[PDB]
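Before any questions on binding or motion, here is one chain by itself as structure tokens, the form solved without the named molecule.
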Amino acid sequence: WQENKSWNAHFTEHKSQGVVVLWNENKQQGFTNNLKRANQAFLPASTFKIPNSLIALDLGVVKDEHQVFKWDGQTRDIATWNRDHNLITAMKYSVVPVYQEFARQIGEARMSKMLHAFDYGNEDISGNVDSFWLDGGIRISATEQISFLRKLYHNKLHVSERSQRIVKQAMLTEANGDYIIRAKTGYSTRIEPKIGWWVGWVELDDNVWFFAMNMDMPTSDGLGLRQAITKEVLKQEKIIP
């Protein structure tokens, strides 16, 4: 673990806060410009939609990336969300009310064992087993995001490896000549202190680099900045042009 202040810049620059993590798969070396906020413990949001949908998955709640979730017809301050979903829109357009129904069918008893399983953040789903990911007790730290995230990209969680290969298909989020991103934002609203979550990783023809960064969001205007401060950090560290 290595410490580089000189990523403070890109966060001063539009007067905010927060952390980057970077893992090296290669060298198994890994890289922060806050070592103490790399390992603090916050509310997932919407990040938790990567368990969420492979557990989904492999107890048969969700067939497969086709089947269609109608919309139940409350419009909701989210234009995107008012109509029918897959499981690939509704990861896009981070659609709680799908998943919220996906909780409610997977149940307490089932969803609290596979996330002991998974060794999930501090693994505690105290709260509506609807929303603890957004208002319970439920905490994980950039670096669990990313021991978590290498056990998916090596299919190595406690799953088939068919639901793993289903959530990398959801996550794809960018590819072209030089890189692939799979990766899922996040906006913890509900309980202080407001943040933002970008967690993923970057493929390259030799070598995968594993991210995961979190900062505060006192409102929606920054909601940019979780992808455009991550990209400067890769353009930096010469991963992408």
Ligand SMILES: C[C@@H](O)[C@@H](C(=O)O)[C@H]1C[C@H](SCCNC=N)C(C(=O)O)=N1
Contents of the next structure:
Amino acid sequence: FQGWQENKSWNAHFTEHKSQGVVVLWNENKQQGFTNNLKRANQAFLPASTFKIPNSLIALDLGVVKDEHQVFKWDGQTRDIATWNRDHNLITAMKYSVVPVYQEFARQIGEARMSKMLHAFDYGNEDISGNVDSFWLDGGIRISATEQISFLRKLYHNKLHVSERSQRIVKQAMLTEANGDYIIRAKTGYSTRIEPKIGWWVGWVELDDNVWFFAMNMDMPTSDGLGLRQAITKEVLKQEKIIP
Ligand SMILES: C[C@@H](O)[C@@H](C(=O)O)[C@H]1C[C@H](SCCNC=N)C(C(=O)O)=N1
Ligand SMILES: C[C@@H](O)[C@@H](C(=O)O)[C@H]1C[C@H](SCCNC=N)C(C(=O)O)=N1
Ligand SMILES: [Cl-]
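In place of the form solved without the named molecule, the structure of the form solved in complex with the named molecule is requested.
First the chain shown before, then all remaining chains and molecules of the complex.
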């Protein structure tokens, strides 16, 4: 581990949007990491919907989710996010960060197996204190941007302690963007229930000959700025010549 190079010039991308945050990048081929803020890079927050990555893996490996086509019917309760008020499969539940679908996963996984799996994953502080169906939103689990990278690297290489199939399905469900230059597999998150409210974007960029892992979070006082998670990350990615 060569350490983490700090590149403060990326702060310009946050300041441009009156925002504060961190982007962490990991060059897989060179085993080199870069961040604008070495301190915040290692600060552990609630994972919020980025927890849908480990939650999906566990649900799949325990057969709570059979495959990416299985339909989880809307419970008929109207919630404030319109896309949640419909039937979902794993693909669309990830895409739209459909919390109630994953809360039901968590309840079926159960506290004991959830704890053991997060320890097996070496995920964050491995603490699931709180409600079994909400701890990643308002309980004890905390993970930093650099810890997200470590976890994502295991998933990329199929090294997590679940089946290869489970890891392949989750990486399929993380698909976010692709073109002839790059593929982004990622997961957003918006931690709102405990201060400070922060937005997440974690994942990686696949190139022909390299993979660049990333994890960012940023202060997010309102949902108004949620698009800045991807916008700021892409500005860093383009400055670093990762995407055109
Ligand atoms: C061809 C078969 O062997 C193959 C299949 O699905 O048909 C099995 C082999 C491993 S088993 C789970 C990981 N092993 C852990 N010790 C695997 C998987 O990890 O998805 N599937
Ligand atoms: C509030 C939490 O449930 C939060 C999370 O679990 O991380 C939800 C809300 C937004 S998706 C809809 C956008 N929300 C407000 N505009 C979000 C995400 O950005 O991933 N997941
Ligand atoms: Cl894919």
